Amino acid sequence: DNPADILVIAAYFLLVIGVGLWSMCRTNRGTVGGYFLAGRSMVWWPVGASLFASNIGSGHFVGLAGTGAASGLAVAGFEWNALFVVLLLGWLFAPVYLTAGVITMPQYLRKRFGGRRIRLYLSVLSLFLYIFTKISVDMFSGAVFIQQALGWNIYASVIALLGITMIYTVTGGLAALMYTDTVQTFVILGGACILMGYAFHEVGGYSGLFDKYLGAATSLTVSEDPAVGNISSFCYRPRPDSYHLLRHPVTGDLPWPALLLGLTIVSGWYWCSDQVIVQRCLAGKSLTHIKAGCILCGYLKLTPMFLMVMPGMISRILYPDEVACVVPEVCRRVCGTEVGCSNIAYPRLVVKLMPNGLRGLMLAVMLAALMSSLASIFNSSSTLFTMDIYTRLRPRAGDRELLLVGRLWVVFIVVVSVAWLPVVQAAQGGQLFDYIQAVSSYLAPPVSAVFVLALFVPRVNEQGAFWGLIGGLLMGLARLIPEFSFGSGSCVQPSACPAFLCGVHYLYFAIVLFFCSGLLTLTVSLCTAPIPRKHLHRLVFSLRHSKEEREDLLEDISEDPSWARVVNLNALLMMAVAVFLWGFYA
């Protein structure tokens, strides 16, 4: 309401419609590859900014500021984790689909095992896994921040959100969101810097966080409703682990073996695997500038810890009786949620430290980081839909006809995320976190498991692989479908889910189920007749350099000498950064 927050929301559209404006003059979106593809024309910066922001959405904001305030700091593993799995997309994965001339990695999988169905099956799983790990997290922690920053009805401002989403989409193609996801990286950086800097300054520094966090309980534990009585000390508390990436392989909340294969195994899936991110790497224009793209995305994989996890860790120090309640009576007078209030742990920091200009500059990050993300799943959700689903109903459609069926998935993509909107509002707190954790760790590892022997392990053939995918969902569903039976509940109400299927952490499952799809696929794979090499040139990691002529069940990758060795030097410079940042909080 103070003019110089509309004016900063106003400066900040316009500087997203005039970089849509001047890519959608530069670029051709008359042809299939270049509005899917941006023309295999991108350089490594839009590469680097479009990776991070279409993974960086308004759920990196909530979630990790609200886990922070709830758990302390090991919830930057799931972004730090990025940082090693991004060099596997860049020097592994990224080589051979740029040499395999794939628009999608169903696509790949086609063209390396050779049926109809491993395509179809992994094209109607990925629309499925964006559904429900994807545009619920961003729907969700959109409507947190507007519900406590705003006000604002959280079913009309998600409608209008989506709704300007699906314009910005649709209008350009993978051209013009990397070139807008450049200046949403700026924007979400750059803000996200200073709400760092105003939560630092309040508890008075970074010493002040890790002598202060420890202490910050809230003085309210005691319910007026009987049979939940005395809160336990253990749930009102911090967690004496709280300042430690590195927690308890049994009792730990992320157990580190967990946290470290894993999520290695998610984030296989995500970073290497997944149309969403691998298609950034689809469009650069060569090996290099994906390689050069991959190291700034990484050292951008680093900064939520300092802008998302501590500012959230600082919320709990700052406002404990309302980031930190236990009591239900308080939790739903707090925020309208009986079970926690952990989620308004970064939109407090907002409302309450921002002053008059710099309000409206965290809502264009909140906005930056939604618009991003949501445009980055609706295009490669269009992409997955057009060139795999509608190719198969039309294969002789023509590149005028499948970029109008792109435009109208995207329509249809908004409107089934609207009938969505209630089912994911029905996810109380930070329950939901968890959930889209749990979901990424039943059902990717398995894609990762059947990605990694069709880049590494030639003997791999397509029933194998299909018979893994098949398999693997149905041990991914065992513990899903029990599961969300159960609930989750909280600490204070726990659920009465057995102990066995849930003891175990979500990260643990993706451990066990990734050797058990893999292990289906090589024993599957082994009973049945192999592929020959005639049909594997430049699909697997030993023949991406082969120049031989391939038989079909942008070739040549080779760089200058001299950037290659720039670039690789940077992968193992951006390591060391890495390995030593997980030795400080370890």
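Positions refer to the first chain, counted from 1. Basically, rigid core = biggest C-alpha set you can superpose within 1.5 Å across the two forms. First, how it differs from the form deposited in another entry.
With the core held fixed by superposition, the comparison between these two forms singles out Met166 as the only member of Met166, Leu300, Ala216, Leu209 whose CA moves by at least 2 angstroms. The Cα shift for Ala175 between these two forms, taken after rigid core superposition, is 2 angstroms or larger. With a cut-off of 2 Å and the rigid core superposed, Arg407 has a Cα displacement that reaches or exceeds the cut-off between these two forms.
Taking the rigid core as fixed, one finds a CA shift for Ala576 smaller than 2 Å between these two forms.
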The other form holds:
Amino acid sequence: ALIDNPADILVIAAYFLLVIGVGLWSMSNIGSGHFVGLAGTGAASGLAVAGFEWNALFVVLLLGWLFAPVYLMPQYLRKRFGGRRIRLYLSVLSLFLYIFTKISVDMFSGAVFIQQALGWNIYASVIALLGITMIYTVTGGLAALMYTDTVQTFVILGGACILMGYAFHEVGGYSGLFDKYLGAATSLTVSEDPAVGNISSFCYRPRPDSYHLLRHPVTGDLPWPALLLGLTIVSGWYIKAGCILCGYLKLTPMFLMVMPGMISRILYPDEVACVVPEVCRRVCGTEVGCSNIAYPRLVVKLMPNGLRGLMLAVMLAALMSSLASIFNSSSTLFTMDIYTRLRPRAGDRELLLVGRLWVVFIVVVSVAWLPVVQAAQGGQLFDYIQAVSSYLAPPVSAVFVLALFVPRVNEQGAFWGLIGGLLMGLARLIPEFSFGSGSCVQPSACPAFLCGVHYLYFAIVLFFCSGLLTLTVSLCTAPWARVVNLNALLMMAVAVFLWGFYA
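Show the other one: the form deposited in another entry, since we just had the form deposited in one PDB entry.
Since only the chain itself is given, any partners or molecules it might have are not part of what comes next.
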């Protein structure tokens, strides 16, 4: 369809052929998942999505620098608490989060790229994605990894700049974008379903606060207090010059994805900003909302004939590398952390067969989960990822932090607090997945107690309550560096300048 022209397929085939050739010859920070989620949330809600990454850095480096002299992830818990129950439970959370926020989302972004590059169904898309993933893995893709990773991040970002200009040239430049966006919505706001009826203007017009990082703290998409605190909590679970470069590349996404995500809504309002349920289905595959098509739609309908194929190939290659790496990590974790514990005999070949069968099992589970991903948190990938992280990680972060700071905590108390935090998190994961989330068009029947609060304020609540549980149970039961610092503060100043500019 979009790439039906010979040139796009030629570049895609050439790129994949070179990737496989290097993989045979053997014998990063940003993937396609973020390139999809950030752009989708930028199209849907404005630019407060970029209020995550920048904030994350201003926390990460702080907790990367203000914790080093005092602390010097799971391995620390292993030394501090000992035993094996906490090891097994942390491995279980790691596997579940890999399935939910690293595997399901990676395949979903893959199906949201092949869907808008060819038009295939979600399953027809992930089937091809996983077939090519298997080809990549069986050809020694992981054997190269770091070898052919830098080059990827030297094009996927670089090419993402080529799109940036191509996106910013079709909106009359940077100044032009900031007038067009507020005045860009759908022309189809009438639904044939009698129950839906006419669609209100609140959730088909772009938000009034689409240009401010600090949204309303009570009625905002990304409340600033929730933003700050929830992100500093979640970032705990998810050399120094490496961190400085990571921050440099972490500042850009606002200009590279979020804003070109904002451009999608104004070049393609009917598709990216669809509000009518059945209209989204014919566009997307789901009737909850489809900003997630923001970046892939922009890539396929904006990039030239020859560079669109290159962008698709690079996105798919990075997604393939991420998926293969996470499959390998999950298999290794399962067959060296949990299954081995269940079977101490340590069979010569069982530890490998069980790894491959686990790989197949998680592939199946994530394929079954894909429908939930495509219709999670109003159809926004970034919101779903951060919601799952807010539901699962904050308890682990609380246990880690109170272990680092408080020496009166107990391993048994730590484990009980961790199970309490997981149970608390499943009181919003399960109910806000089985009952759905829904957009303003079709609000879900979820009780106001559960879905009323933003997932970041739930991160705050769950972190604090999990910490309190851990502490009470533990008590109750039983008894050139100068140059690096200068560059770090320069980067921090630049980041706060960017925050103030878009505050």
